[PDB]
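**Q** Each chain, written out:
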Amino acid sequence: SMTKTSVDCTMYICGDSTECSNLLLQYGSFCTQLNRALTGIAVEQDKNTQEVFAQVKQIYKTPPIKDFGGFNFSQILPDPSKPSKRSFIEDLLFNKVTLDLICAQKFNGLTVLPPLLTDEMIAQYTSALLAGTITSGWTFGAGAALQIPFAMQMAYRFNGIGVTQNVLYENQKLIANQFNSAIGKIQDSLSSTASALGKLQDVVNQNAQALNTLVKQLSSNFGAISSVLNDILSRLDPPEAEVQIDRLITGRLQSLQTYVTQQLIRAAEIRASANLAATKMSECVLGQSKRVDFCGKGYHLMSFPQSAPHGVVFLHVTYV
Amino acid sequence: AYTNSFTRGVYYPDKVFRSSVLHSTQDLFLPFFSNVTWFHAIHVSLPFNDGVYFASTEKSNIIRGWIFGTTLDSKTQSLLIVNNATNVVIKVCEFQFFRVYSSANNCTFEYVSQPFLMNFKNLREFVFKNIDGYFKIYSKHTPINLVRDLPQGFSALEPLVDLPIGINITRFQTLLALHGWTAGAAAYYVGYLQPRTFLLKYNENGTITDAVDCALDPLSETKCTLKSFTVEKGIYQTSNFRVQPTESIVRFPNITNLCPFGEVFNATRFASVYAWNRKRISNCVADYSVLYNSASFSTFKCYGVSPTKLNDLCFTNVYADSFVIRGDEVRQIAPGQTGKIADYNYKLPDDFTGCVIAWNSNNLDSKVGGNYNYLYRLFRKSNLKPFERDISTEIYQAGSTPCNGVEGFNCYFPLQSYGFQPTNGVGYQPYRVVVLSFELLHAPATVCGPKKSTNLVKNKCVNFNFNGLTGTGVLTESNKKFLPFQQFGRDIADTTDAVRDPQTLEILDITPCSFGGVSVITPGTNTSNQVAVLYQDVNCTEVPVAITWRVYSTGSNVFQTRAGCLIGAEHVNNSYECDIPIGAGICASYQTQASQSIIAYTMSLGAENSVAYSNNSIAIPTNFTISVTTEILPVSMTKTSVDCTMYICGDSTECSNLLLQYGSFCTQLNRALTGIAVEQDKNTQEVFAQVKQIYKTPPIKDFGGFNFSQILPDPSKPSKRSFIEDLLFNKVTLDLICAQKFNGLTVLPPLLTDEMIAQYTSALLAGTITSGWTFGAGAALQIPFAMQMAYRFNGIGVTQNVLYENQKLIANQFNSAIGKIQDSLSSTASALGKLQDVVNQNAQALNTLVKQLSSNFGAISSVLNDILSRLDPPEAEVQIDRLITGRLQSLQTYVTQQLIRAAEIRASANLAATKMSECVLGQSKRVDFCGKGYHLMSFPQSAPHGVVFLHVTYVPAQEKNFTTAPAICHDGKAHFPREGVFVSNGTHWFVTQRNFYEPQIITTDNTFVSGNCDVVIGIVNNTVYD
Amino acid sequence: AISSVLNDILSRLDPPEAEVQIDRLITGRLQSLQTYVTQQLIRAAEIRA
Amino acid sequence: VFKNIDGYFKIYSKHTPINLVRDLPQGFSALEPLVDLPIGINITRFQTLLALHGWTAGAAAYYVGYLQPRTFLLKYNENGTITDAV
Ligand SMILES: *[C@@H]1O[C@H](CO)[C@@H](O[C@@H]2O[C@H](CO)[C@@H](O[C@H]3O[C@H](CO)[C@@H](O)[C@H](O)[C@@H]3O)[C@H](O)[C@H]2NC(C)=O)[C@H](O)[C@H]1NC(C)=O
Ligand SMILES: *[C@@H]1O[C@H](CO[C@@H]2O[C@@H](C)[C@@H](O)[C@@H](O)[C@@H]2O)[C@@H](O[C@@H]2O[C@H](CO)[C@@H](O)[C@H](O)[C@H]2NC(C)=O)[C@H](O)[C@H]1NC(C)=O
Ligand SMILES: *[C@@H]1O[C@H](CO)[C@@H](O[C@@H]2O[C@H](CO)[C@@H](O)[C@H](O)[C@H]2NC(C)=O)[C@H](O)[C@H]1NC(C)=O
Ligand SMILES: *[C@@H]1O[C@H](CO)[C@@H](O[C@@H]2O[C@H](CO)[C@@H](O)[C@H](O)[C@H]2NC(C)=O)[C@H](O)[C@H]1NC(C)=O
Ligand SMILES: *[C@@H]1O[C@H](CO)[C@@H](O[C@@H]2O[C@H](CO)[C@@H](O)[C@H](O)[C@H]2NC(C)=O)[C@H](O)[C@H]1NC(C)=O
Ligand SMILES: *[C@@H]1O[C@H](CO)[C@@H](O[C@@H]2O[C@H](CO)[C@@H](O)[C@H](O)[C@H]2NC(C)=O)[C@H](O)[C@H]1NC(C)=O
Ligand SMILES: *[C@@H]1O[C@H](CO)[C@@H](O[C@@H]2O[C@H](CO)[C@@H](O)[C@H](O)[C@H]2NC(C)=O)[C@H](O)[C@H]1NC(C)=O
Ligand SMILES: *[C@@H]1O[C@H](CO)[C@@H](O[C@@H]2O[C@H](CO)[C@@H](O)[C@H](O)[C@H]2NC(C)=O)[C@H](O)[C@H]1NC(C)=O
Ligand SMILES: *[C@@H]1O[C@H](CO)[C@@H](O)[C@H](O)[C@H]1NC(C)=O
Ligand SMILES: *[C@@H]1O[C@H](CO)[C@@H](O)[C@H](O)[C@H]1NC(C)=O
Ligand SMILES: *[C@@H]1O[C@H](CO)[C@@H](O)[C@H](O)[C@H]1NC(C)=O
Ligand SMILES: *[C@@H]1O[C@H](CO)[C@@H](O)[C@H](O)[C@H]1NC(C)=O
Ligand SMILES: *[C@@H]1O[C@H](CO)[C@@H](O)[C@H](O)[C@H]1NC(C)=O
Ligand SMILES: *[C@@H]1O[C@H](CO)[C@@H](O)[C@H](O)[C@H]1NC(C)=O
Ligand SMILES: *[C@@H]1O[C@H](CO)[C@@H](O)[C@H](O)[C@H]1NC(C)=O
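Sequence lines, in order, name chains A, B, C and D. For reference, each letter of the first sequence is one residue, going 727 to 825, 845 to 1065 in the entry's author numbering. For reference, each letter of the second sequence is one residue, going 27 to 71, 84 to 135, 157 to 177, 185 to 245, 257 to 624, 632 to 677, 685 to 825, 845 to 1136 in the entry's author numbering. Following the entry's author numbering, the numbering of the third sequence begins with 969 at its first residue and continues without gaps. For reference, each letter of the fourth sequence is one residue, going 193 to 245, 257 to 289 in the entry's author numbering.
Just chain A, with the same shape it has in the complex:
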């Protein structure tokens, strides 16, 4: 998803001028279409989050006795100690992405609507998916969740990639240690470098840059005497005050239209990414995929979703 943005014509284009409001209400069609497009984008962001995460009928809970034949999922399962019911890796991902100019954006009528799902409930959805994956396997994706030992699920995932299940049982401890060391390496890589969460960070940066550019467009004169309407009203009588105001309105409305069009294209690319993420949650998390290099490099075994600021992280487990 991306930051659900809302814009008021009156606040942005006209500030708080009655005369500007009366000159703008004639362009009501343009403003209603802009609001409709942005509302569509915001509802689409909520739908994207729902489609990616809310794929499960019930919220499952991991059992208190976390014995999975040597596979220790403590870094990915939620920790009751922390107030925020997230995992160690989820906490690292949350800290890595960085979210004054927001106050100026708010004061210029450009607001950020909060997502319908809070980070807590997104983490709870992710935790339910994790519990279902580690206790039931692919069965909870189809119908009723059917419990199965994690060893047997691993034997099944091995059988899926054309490796006889005897290999995993005869090397259970070795595979468990390899998986644990891999999770350790994920933790170290996430803690050390800031280039890990590039995509989410640049998405946030694109949204912030778009809003900053939009707020900077208010300094543009658009061929008027000045870029501030209040001094235009104070220093001019109506008969040319209004022609200066309408040129300013046309300029700012064009800037808003450009912003909304760029947001529509960005939302289309984000929807493509969200459809891909929903497909990956269906085919990699809810089951074992045969599509080569879809769920990670090598023979895909399983995946673990992890919530991240306006995105998801798949821990693609692969046999190499």
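What the hints contain is simulated information worked out from the structure, not anything from laboratory work. Note that the Cβ used here is the ideal one computed from N, Cα and C, for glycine as well. Misleading hints may appear alongside valid ones.
[To be verified] Once the Cα atoms are required to be at most 35 Å apart in a straight line, the calculated DSBU-like pairs of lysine-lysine come out as:
no. : chain 1 : residue 1 : chain 2 : residue 2
1   : A       : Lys811    : B       : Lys310
2   : B       : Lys535    : B       : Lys558
3   : A       : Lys811    : B       : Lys1042
4   : A       : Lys783    : B       : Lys310
5   : B       : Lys1035   : A       : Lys1035
[To be verified] Per label pair, the in silico range of CB-to-CB distance:
no. : chain 1 : residue 1 : chain 2 : residue 2 : range
6   : D       : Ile231    : B       : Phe490    : 25 to 31 Å
7   : B       : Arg466    : D       : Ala263    : 31 to 37 Å
8   : B       : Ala411    : C       : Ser979    : 33 to 39 Å
9   : C       : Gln1008   : B       : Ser366    : 56 to 62 Å
[As the list claims (entries may be wrong)] To give an idea of the interface, some chain B residues facing chain A are shown, with a C-beta separation under 8 Å as derived from the structure:
no. : residue
10  : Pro39
11  : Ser701
12  : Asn707
13  : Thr958
14  : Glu1014
15  : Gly1043
16  : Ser1120
Could you slot chains B, C and D with the ligands onto chain A? The hints should help.
**A** Leaving out everything else, chains B, C and D with the ligands in the frame of chain A:
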């Protein structure tokens, strides 16, 4: 006395017929549910502001007319209406208040026509308006039983007469007429109109049947915003709220001394143009009234600063340049204007901010002998750059020779002064011009207007003014460190964020008064009428300070969340599945708390459960459900074609030849739209035309109990579609189309007709049910449907024996599933949401495009013929070019939105083609791609601009607990299931498939050996049969 | 505008009227560039698909 | 800093006490505006003026730079002082 107007004060906005259309109007109306005055007129033996509504139940007219004017004392022309038995008389004259008036010294208007008035007291509603000197009367007559004053009911007032009076009306009075002067009683009702936005519903007969007051309550606000009398359950973003300021604060430096600009106005001698004098005027007060109070001017001329407004601005610094000019040269001081004195004497920069005052000076400057004292030079090396002086009285070589010394041949010093005479100056007489040139709002202002400063307020949003910088918002103590020279503080958005107090030097931060989104949460308008209001990202401690609808602001139910403050819903602790999302995990519903009310709560993410994971516990299903689920996918959209010429300007040759220069833009638009249309045809071809041949179902439709009658075509119907296809076609609703066509927006029919699309779908159905997946690869190979189903079962890891041993049960499940699909499609209209909203998006885009023609884009009108009729050729062209740029921008916006919509539709069509390839033409392994569960097959069904997949899926059910082991050790060697899992009922062990409980004896065939039982963790002991 | 070439506008006009023509010309050309960039963004989205 | 544009002469100034290290250290500071005068006069050349307390022999030194129309980037601190330039 007072009373409540429920639904009175409604009239037909204009003499225009309509039918079955909800029209939004913005005009003077009597607000709904208003405090109307119940007037009682008694004899012992009113301001007319913004229209008036008058209601009379009275018979035997004691009101025999009305009076209107501004003074009603013959100082201004008065209007009177008087009524008697047979007719009415209207008179507009100088009336001095026929006992009513004394004499008519000046009459301008009289009118005589048919009378306007036509315990069973009956209402004669009247509306009196005056706009642009036109006085309009609306009326309506209704009989009532006289239960009480202003009953419940709806009726509009049809217009009777409009008079072009063109006089000032401020106050109006009702006559008390007597046939003695006996005592009497009367009673009538008075309402005041206000500028309001109403929604009017027109019947088939074009009568205004009902109205909605958009600006009375949140529910009617949503009704007006959606332009509908019915609002679906949900949340709708209405107009934004803004906390209004309390008062006005003006802070100017305490300077009281007067600016002697009057001194330069009546100077004894004005410096000549070559040596014109300027001085800074500052640290005092300035006014534009004393300049003509001392002496009337002749010419006022200035750019960017209106003469009236300069009293309200404070000036950083101003310079006054006063000098004597010849009468004919008054227009030489304009920026950009060139000439002799402009180029050689004085000229000012093009971007000059200042005002010029010129007046006659012949009686003070002209002499009988000629005043040869006002010198000016016409000789120089080159032009004089603006705001520079040349006073060197040296000989200029005007001729080809270097004229040096005292003088030269045809070479002259600065030109001799004019011989100005009092009488010889007929148009050439000397004038004095004074230019005030200034820059403002860049430096700390020192010279201000007569306006006085006011007291400072804090923590309360006001209309603050600082040396002419005027804004609105709260002021706070500043933590910033300004510097002595610094006066303003700006932000990234080039807007003031801190200001310096001109009287106390104190710095104050500026914060615009609190505001935010207003959303209205409603159930179905049919279900209820009480609503909730969300103020987005607003502290709940601030909206009580904001105590236009204030009915809900009473509070007592206020709930605070991250999304904002919610009013009119009761927060509850328990969690339900959420229908109306508020934000930040808050959802609103309407249910019983036995009374119904709107509640808000934390959304549940579904039923909480803990899957019984253990060491050796597995859950194996013993039964299944053949679940058939509908997946709707848009495939194409309405192929649109637009021609610039007719849309941008129909049947206008002048507009056509001004537009032909934008041929490149028009060709690009046509190319984009043609690309979109050919892409729609390609989308339909890619999705449907995936078969080389059109296959036909056999007449003997025997498919081992599977009944495909509802999906196979019926030859009886002319369009050879199926029952489900017919239901889908009826569900989607496809006049405004005529107007769209007539404005140059045409809809090209799809290349494939619905008949051939249905034939393609029928061919796919026949191929699927007779051949299976084979017809997708190469030549269609016939196969019994039972065995195709056995193959689909084998595909999802279920042994084919399951289907054959349960053939009748699976057939009945499939038939009942199809029955449920039929019932669901017949009952609810929310089934085909996606196709319907795609059609709605296209219709809304075209309606918005056709409505853009009403936009003026800064023109005198929107229609081009009126522009040509009401304007001269050049003004007509300079308006129509801007209008064509505006309409071309609207077309470009439409085409860009269509390109993005077509991209999303192409994504959907590629997904639909992939689903037809992987779900219809074969069995897919991709989880949750071809429906929820283990996909078996799919059936395409044509639908308006889309496809419907009847995803048949296997869903396990009736699971049972079992004890399980990862391997079996029999003779010191581990045993593993070939394809299955080991389970124990409590005494014996069995091998079973993973998706259907069927135990088998553990033998050598279903198990394979690997190593020994000392390495495997959790191996158990049992026996294996040879 | 008076013409489509800036050089003749500069040659035939004193700065103020020259600039009041040039700003309209710049708005036109900037709108053309914006249209081109938007069409390129949509084409690049389809190419990325 | 001395400028004259359209007959307006502006002065900028600053005082910075410096050590005995060397001429023109790496020190950075901006000049606050003092006064503008309506000169309205053609200016092409300037010369500075010296005082003598006689005519006792002595040595002194100053520095002259010529301004150009250039584009700068200025960084403002929390106090609004121009801290750095590019
Ligand atoms: C499951 O895997 C967990 C991740 O490897 C592991 O958590 C780690 O446990 C050890 C204790 O054995 C902690 O070690 C630290 O202990 C104290 C208190 O925090 C510190 O002061 C020490 O410096 C030391 O680092 C780790 O902090 C902890 N987490 C990590 C990331 O290593 C569990 O112990 C494993 N449990 C089982 C049953 O397998
Ligand atoms: C499978 O059994 C589990 C629990 O095992 C039970 O343990 C003993 C108490 C004894 O009764 C055994 O025969 C059982 O196998 C069931 O999990 C519980 O289900 C109930 C609902 O009936 C629920 O209230 C509990 O919370 C569940 N306990 C846990 C720890 O989750 C489970 O329902 C059984 N599965 C099926 C399909 O019936
Ligand atoms: C629209 O007007 C027509 C014409 O008056 C109405 O038709 C009449 O309806 C009444 C009541 O049903 C009948 O008694 C008359 O015989 C009808 N006359 C004719 C000529 O048809 C019609 O009912 C009106 N419709 C609405 C919705 O107001
Ligand atoms: C599997 O479930 C089906 C129903 O989904 C069972 O079919 C029912 O059987 C009972 C008893 O014979 C009948 O009364 C019902 O009419 C059947 N339902 C339907 C829809 O036909 C079936 O018996 C179950 N299988 C087993 C082995 O118990
Ligand atoms: C498939 O189902 C349909 C509807 O459930 C059956 O159609 C009915 O057939 C009977 C006998 O031919 C008629 O009396 C009804 O009028 C039909 N109803 C409808 C709605 O069409 C059809 O018979 C079933 N096919 C088979 C082979 O049993
Ligand atoms: C577990 O399944 C076995 C296999 O059928 C059951 O054993 C049979 O029980 C019946 C009834 O007592 C006997 O007639 C058979 O001779 C037994 N067969 C064998 C091979 O032992 C056993 O009863 C089942 N137990 C439970 C608890 O379901
Ligand atoms: C399964 O059976 C085998 C042999 O019948 C058991 O193996 C013996 O285990 C005991 C105790 O661990 C040892 O002292 C013997 O040396 C083992 N014998 C052999 C031949 O390996 C085994 O313990 C049984 N499984 C369980 C869980 O008790
Ligand atoms: C901004 O200006 C203030 C006041 O001139 C500076 O605040 C002083 O900072 C020094 C060093 O940290 C402290 O020792 C003083 O106690 C502070 N005084 C006050 C009144 O706050 C501040 O340091 C300046 N900013 C910078 C970056 O130097
Ligand atoms: C109408 O307003 C008057 C004046 O405030 C008040 O006295 C009267 O009670 C009001 N009546 C109603 C019905 O609001
Ligand atoms: C009504 O008044 C008009 C004008 O005063 C007069 O011409 C007319 O005769 C009167 N009619 C009656 C019936 O009083
Ligand atoms: C306002 O008047 C007071 C008292 O006369 C004086 O101290 C103050 O300087 C004046 N304000 C300004 C801005 O000079
Ligand atoms: C509203 O303002 C008060 C200050 O009294 C503050 O305590 C509270 O946190 C604010 N509300 C929210 C939701 O932050
Ligand atoms: C919800 O429960 C809390 C205690 O946890 C209580 O304070 C609160 O009053 C409850 N909510 C309502 C609406 O009563
Ligand atoms: C889980 O399985 C292992 C492997 O046999 C066993 O050692 C452990 O005791 C089991 N745990 C429980 C609680 O039965
Ligand atoms: C200013 O003086 C210079 C130096 O000779 C001269 O070339 C120039 O022409 C003068 N400016 C004007 C406007 O005459």
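**Q** Need the list of violated hint numbers for this structure, in ascending order.
**A** 8, 10
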